[PDB]
Structure formats: structure tokens, C-alpha cells
Amino acid sequence: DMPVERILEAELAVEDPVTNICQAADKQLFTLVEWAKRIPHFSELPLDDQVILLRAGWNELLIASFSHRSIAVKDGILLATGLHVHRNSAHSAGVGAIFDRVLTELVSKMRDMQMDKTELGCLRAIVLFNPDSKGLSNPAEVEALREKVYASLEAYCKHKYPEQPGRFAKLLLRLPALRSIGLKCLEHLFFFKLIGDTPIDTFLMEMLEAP
Amino acid sequence: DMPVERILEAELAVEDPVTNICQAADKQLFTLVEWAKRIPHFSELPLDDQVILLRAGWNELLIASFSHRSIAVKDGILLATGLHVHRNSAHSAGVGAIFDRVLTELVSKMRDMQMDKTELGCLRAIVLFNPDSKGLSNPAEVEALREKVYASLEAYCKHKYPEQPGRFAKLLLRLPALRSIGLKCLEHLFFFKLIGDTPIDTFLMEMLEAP
Amino acid sequence: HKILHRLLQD
Amino acid sequence: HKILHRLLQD
Ligand SMILES: COc1cc2c(cc1-c1cc(/C=C/C(=O)O)ccc1O)C(C)(C)CCC2(C)C
Ligand SMILES: COc1cc2c(cc1-c1cc(/C=C/C(=O)O)ccc1O)C(C)(C)CCC2(C)C
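Chains as they are written, first to last, in the deposited numbering: chain A, 229 to 243, 263 to 458; chain A', 229 to 243, 263 to 458; chain B, 687 to 696; chain B', 687 to 696. A prime marks a further copy of an entry chain.
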């Protein structure tokens, strides 16, 4: 069983620029673990599988969250630290292109369709339960949990937005953009580490370790 | 209007290891242009937009095609040149990990759900009509075409496989894997170019040019 | 991107 | 991955 009510509850329960951005990322990794434990059935997976799923998904999970947090922000993002970061600041820090991808492919699209918190929660749970994650002791089990989330999401969309038959597909079709953006943000982060100027705190640094 | 019959027709109309793989990729780029022209409304987009969409999507488009071609192959892929490439050969050429991702995230999953050619065609058309592609003269127009494809795909799935209510979502949820795999294959290709040992023919080389 | 443009033209 | 394991334990 995978009730959207429980997923919404998980979201509600947890509610230069590059230095501040990395600080926010590290901060939210702690909260991300708290979020995942509140998603039905996650805590009952083997510990090693919970580790695999969070290591695979954390960046996409956190990016989805800050993007949705930013829907009422004009040309910017709102960090978990309470700092608003504008386009101009990202551009003047040498990270304009990737910032603009976040704005155009995620934030603006979330804004334009008025993606709600239940929908965001469900998309994040789908990302969490990624059965393609390498090393899972039982991928089939994770696949089944993903299937339950998306079944519940579709039923939710059909019930709440009956006049929008395309909405469920529209939600799912932001996931390729999220995947690509997560990968690019990760690439930048490895570079920040490599150059060694930008402070990277312990949890964020741990996520940059090899498996 | 976006009939699945026309999309199926487009598919049917076009029907060391690394050197052979690159040869196949270049070969299929020519055929890919022929495929795209057969997808409803693509040829009526501005020429520059057709260029943008193919430059953005070609790798995902070609990977989806060879993966589906390979569903009856055991632990391998069948290239457009008629060469079967086994896991062992990819591994012994230093590209095992990415090859295995193709097998486990695409080929095996296509096999297990018996993804048909209409479904493959529709997923490819969705990839083709990517409204997030940078520089499009009218992203809204491309978005509308994507929406028509996925509406037609859902109706098709509901009609042909009524006993599989999750199937449409299942299809769409291979797109993040396809995105990630496309990016990784591209990264390898840029490396082959950089090292300069592997022959890369003209069309494949053109795809590696800056915009 | 001359090959792509040529093929898409006709 | 000691931080993640510790947090997931409790
Ligand atoms: C450190 O991870 C990043 C890097 C970036 C960016 C974001 C993040 C990042 C931030 C967070 C912050 C989350 C929050 O404040 O809730 C989480 C994961 C992340 O990968 C954006 C897209 C804002 C700008 C480009 C860069 C590469 C500097
Ligand atoms: C040159 O593009 C590649 C590279 C790879 C690979 C595939 C391709 C590739 C092949 C094709 C061949 C298509 C066909 O034969 O129909 C098209 C686009 C591509 O990116 C696989 C996943 C097979 C193995 C790893 C490497 C990185 C060598």
C-alpha cells in the first residue's frame, strides 16, 4: 500500500554563491534522510539497499525540492538556508548555463503547471525507489514500490485534476530533465572539490566518495 | 493529429568492437534523418528547429533503436551492420560498465515487458520532440507535438494492453535511463575522439562539433 | 552542421 | 559511508 497522504505528510514534515549553495546542499542531506524514512516501506528495506538508493538519488531528490520551493521566485532559487540566489549571481560566478537549465526545465515548468506538493512528493518517491540502482539485493522489490507510487500518483492526478488528462504523463516527463541536471550539478561539484577553493562539508563530501 | 499507425510506419520503413560500434552509429545517423521526416509534423518545423531537435536527440534515438533490436540477443547487442557484440567483447575493450547499463536498464527491460514497435516508435517521437532543446524558435510548438505523441501512446497502450494499467507509465519511466546512458555514451565518444586511435566517420564527427 | 542541413533539405 | 549509515540506523 502506498497512500499519497503519507507521501504529502513526508514533504510537509521536512519543510560567493557557490559556497552558500554547497552549504545548503550539505544541510539538506541530513533532512533528506528524515524525509526518506517517512516514505512508506523505505525503512523496511535492507540497510544496505537504503544506502544504495540514497547515494544514487540524493542529488535529483534535493534538486526537485529546491526547484519546487522556488516556483514563486522570479528568475532565481530559494535555498534551504533562506538565501535567494538570482540568475545574475549564478552567471557572474561562472555557473550560469546550468542555473538557467534549472530555471527553464524545472522551476518554470513546475510553476506553469502548478505542480502541487503531493505530486512533487510522489515524483521524489519514484526517484527514491530507483530499481536501476547498482548493487540492490532485490531490485524487483524496489521496482514494486516504484510501481505503487506511480499507480497512486496517477489515481491522484485523475481525481484532483480530471480536466487535465495529460497531467500524469507531464509530471513523469520532467524526470529525464531532472536526471540530466543532477548529473551536471554533480560534475560541477566534483570540479569544486578538485580545484579546492570551495568549502565542502562532511555529508556532501561523503556523497562524493567512491562506493 | 498524431496517429500511432504513422509512427509504426516510420519504424518499419527504416528497419576492435569500438571501431565497429562507431561505424554503425555513423551509418544509422543517415537513416535517423529518414526516420524523423516520416514522423508526423516534424518536416513542417523550421529547418533550424529540425536541426536542433536531431542534434539534441540523436544519441538517445539511436540507442533506443539498437536496444530494441537486441531484445532476442542473449547478453549482447545487434548493430545495424549485422554484427552481434557480446558483453565479453565490450568488457575486454574497456567499456564493460556502460555496455552492462544498456543491457540491464534498456534491453532486458524492453524484453521483459515485450515493448512493441509502436511503443518504441512513440517513445522515440517523444525524445525527438524535446521542448527543452536549447535555441528552439517555438518551444511551445514542440511541446504540443510531444503532448500529441504521448496522448496517442497512452490510448494505444490502454487499447492493446487493457490488462496492464501501469504500462504507459512503465514506458515513460525508461526515458531517464535512456537520457543518462546517452550522456555516458557521448562522454566515451568524445574520449575516443580525444585519444585519436578510433576512426570516427563524418556524420558522427559532425555530431561532436560545437553548436 | 553541413551534412544534417543537406539531408534535411532533401 | 559512515554518516549515511549512522543516520539510517537511528
Ligand atoms: C553543490 O550542488 C549544487 C551545485 C549547483 C547548484 C545546485 C546545487 C545543489 C543545491 C542543493 C541545495 C538545496 C536546498 O537548498 O534545498 C542541493 C543539491 C545540489 O546539487 C545550482 C543548480 C543552484 C547552480 C549550479 C551549481 C553547479 C553551483
Ligand atoms: C559510438 O557510440 C556508441 C558507443 C558505445 C556504445 C554504443 C554507441 C552507439 C552505437 C550506435 C549504433 C546503432 C546501431 O547499430 O543501430 C548508435 C549510437 C551510439 O551512441 C555501446 C553502449 C554499445 C558500448 C559502449 C560505447 C561507449 C563503446
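Keep in mind that the hints were calculated from the coordinates and are not lab data. Even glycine gets a Cβ: it sits at the ideal position worked out from N, Cα and C. Mixed in with the good hints there might be a few duds.
Restricting the straight-line Cα-Cα distance to at most 25 Å, the calculated cross-link-like pairs of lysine-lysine (PhoX-like) are [said to hold, decoys possible]:
#1 A'/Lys-274 x B/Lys-688
#2 A'/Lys-440 x A/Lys-405
#3 A'/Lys-417 x A/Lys-364
#4 A'/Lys-395 x A/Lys-417
#5 A'/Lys-364 x A/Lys-405
#6 A/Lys-405 x A'/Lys-417
#7 A'/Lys-405 x A/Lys-395
#8 A/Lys-405 x A'/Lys-431
#9 A/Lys-395 x A'/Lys-440
#10 A'/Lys-381 x A'/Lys-321
#11 A/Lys-364 x A/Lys-381
#12 A/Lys-431 x A'/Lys-395
#13 A'/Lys-274 x A/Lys-417
#14 B/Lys-688 x A'/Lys-417
#15 A/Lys-364 x A/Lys-321
#16 A'/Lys-274 x A/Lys-381
#17 A'/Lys-321 x A/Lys-417
#18 A'/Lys-405 x A/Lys-417
#19 A'/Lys-381 x A/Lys-321
#20 A/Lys-407 x A'/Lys-417
#21 B/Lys-688 x A'/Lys-364
#22 A'/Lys-440 x A/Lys-417
#23 A'/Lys-440 x A'/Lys-274
#24 B'/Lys-688 x A/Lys-381
#25 A/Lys-431 x A'/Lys-364
#26 A'/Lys-395 x A'/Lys-364
#27 B'/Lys-688 x A/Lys-274
To give an idea of the interface, some chain A residues facing chain B' are shown, with a C-beta separation under 8 Å as derived from the structure [claimed, not checked]:
#28 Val-280
#29 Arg-302
#30 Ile-442
#31 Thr-445
#32 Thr-449
#33 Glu-453
#34 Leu-455
#35 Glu-456
How the hints compare with the structure:
Taking the CA atoms of A'/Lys-274 and B/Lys-688, the gap is near 16 Å; set against the 25 Å cutoff, the hint holds. Only pairs whose Cα atoms come within 25 Å are accepted, and A'/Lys-440 paired with A/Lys-405 is rejected, the gap being roughly 49 Å. As the CA atoms of A'/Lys-417 and A/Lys-364 are separated by approximately 23 Å, the hinted pair is consistent with the 25 Å bound. Among the hinted pairs, A'/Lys-395 with A/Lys-417 is consistent with the structure: their alpha-carbon atoms are about 12 Å apart, no more than 25 Å.
The suggested pairing of A'/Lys-364 with A/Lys-405 is violated, with an alpha-carbon distance near 28 Å, which exceeds 25 Å. Note on A/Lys-405 and A'/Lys-417: the hinted pairing holds, with a Cα-Cα distance of about 17 Å set against a maximum of 25 Å. Our distance criterion of 25 Å between C-alpha atoms is met by A'/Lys-405 and A/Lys-395, whose separation comes to about 18 Å. Of the pairs offered as hints, the one joining A/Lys-405 and A'/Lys-431 is violated, with about 36 Å between alpha carbons and a cut-off of 25 Å exceeded.
Between A/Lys-395 and A'/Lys-440 the alpha-carbon distance is near 44 Å, which puts this suggested pair outside the 25 Å criterion. Distance check on the hinted pair: A'/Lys-381 and A'/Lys-321 sit about 38 Å apart at the alpha-carbon level, beyond 25 Å; violated. For the proposed pair A/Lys-364 and A/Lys-381, the alpha carbon gap of about 29 Å is over 25 Å, so the pair is violated. Annotation: proposed proximity of A/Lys-431 to A'/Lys-395 is violated, straight-line Cα distance about 30 Å (limit 25 Å).
The straight-line distance between the Cα atoms of A'/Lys-274 and A/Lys-417 is roughly 34 Å, outside the 25 Å bound, and the hint therefore fails. A threshold of 25 Å between alpha carbons decides the hint, and for B/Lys-688 with A'/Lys-417 the separation of about 38 Å lies outside it, so the pair is violated. This hinted pair checks out: A/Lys-364 and A/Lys-321 have alpha carbons roughly 20 Å apart, not beyond 25 Å. Simply put, A'/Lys-274 and A/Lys-381 have alpha-carbon atoms about 32 Å apart, too far for the 25 Å limit, and the pair is violated.
A C-alpha spacing of about 35 Å is found between A'/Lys-321 and A/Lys-417, which places the hinted pair above 25 Å, so the restraint is violated. Taking the CA atoms of A'/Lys-405 and A/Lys-417, the gap is about 17 Å. The hint holds against a cut of 25 Å. For the given pair, A'/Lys-381 sits about 20 Å from A/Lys-321 by alpha-carbon distance, which is consistent with the 25 Å threshold. Pair hint A/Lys-407 plus A'/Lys-417 holds up; C-alpha atoms about 22 Å apart against a cutoff of 25 Å.
With a C-alpha separation of about 31 Å, the suggested pair B/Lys-688 and A'/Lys-364 falls outside the 25 Å cut-off, and the hint is violated. Note on A'/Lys-440 and A/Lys-417: the hinted pairing is violated, with a Cα-Cα distance of about 37 Å set against a maximum of 25 Å. Between A'/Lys-440 and A'/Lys-274, the direct Cα distance comes to roughly 17 Å. Compliance with the 25 Å bound is thereby established for this hinted pair. Distance restraint check for B'/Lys-688 and A/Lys-381: the Cα-Cα separation of roughly 19 Å lies within the 25 Å cut-off, and the hinted pair is therefore satisfied.
A C-alpha spacing of about 32 Å is found between A/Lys-431 and A'/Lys-364, which places the hinted pair above 25 Å, so the restraint is violated. Distance restraint check for A'/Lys-395 and A'/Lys-364: the Cα-Cα separation of roughly 18 Å lies within the 25 Å cut-off, and the hinted pair is therefore satisfied. Between the alpha carbons of B'/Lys-688 and A/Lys-274 the distance comes to roughly 16 Å, so the proposed pair stays at or under 25 Å and holds. Interface restraint check for A/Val-280: the shortest CB-CB distance to chain B' comes to about 4 Å, inside 8 Å, so the restraint holds.
Taking 8 Å as the C-beta cut-off, the interface hint given for A/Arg-302 holds, the closest approach to chain B' being about 7 Å. With a cut of 8 Å, the hint placing A/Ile-442 at the interface with chain B' is violated, because the nearest CB-to-CB distance is about 24 Å. Hint status for A/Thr-445 relative to chain B': violated, with the closest Cβ pair at about 19 Å, above 8 Å. Satisfaction of the interface hint for A/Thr-449 is found here, the shortest Cβ-Cβ separation to chain B' being roughly 6 Å, below the 8 Å cut-off.
With 8 Å as the threshold, the beta carbon of A/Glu-453 comes within range of chain B', its nearest partner Cβ sitting at about 5 Å, so the hint holds. Annotation: A/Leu-455 was flagged as interfacial toward chain B', and the flag is violated, the nearest CB pair being 11 Å apart, outside 8 Å. Evaluation of the A/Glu-456 hint against chain B' yields a held restraint, the C-beta minimum of about 7 Å falling below 8 Å.
Hints 2, 5, 8, 9, 10, 11, 12, 13, 14, 16, 17, 21, 22, 25, 30, 31 and 34 from the earlier list are contradicted by this structure; the remaining hints agree with it.
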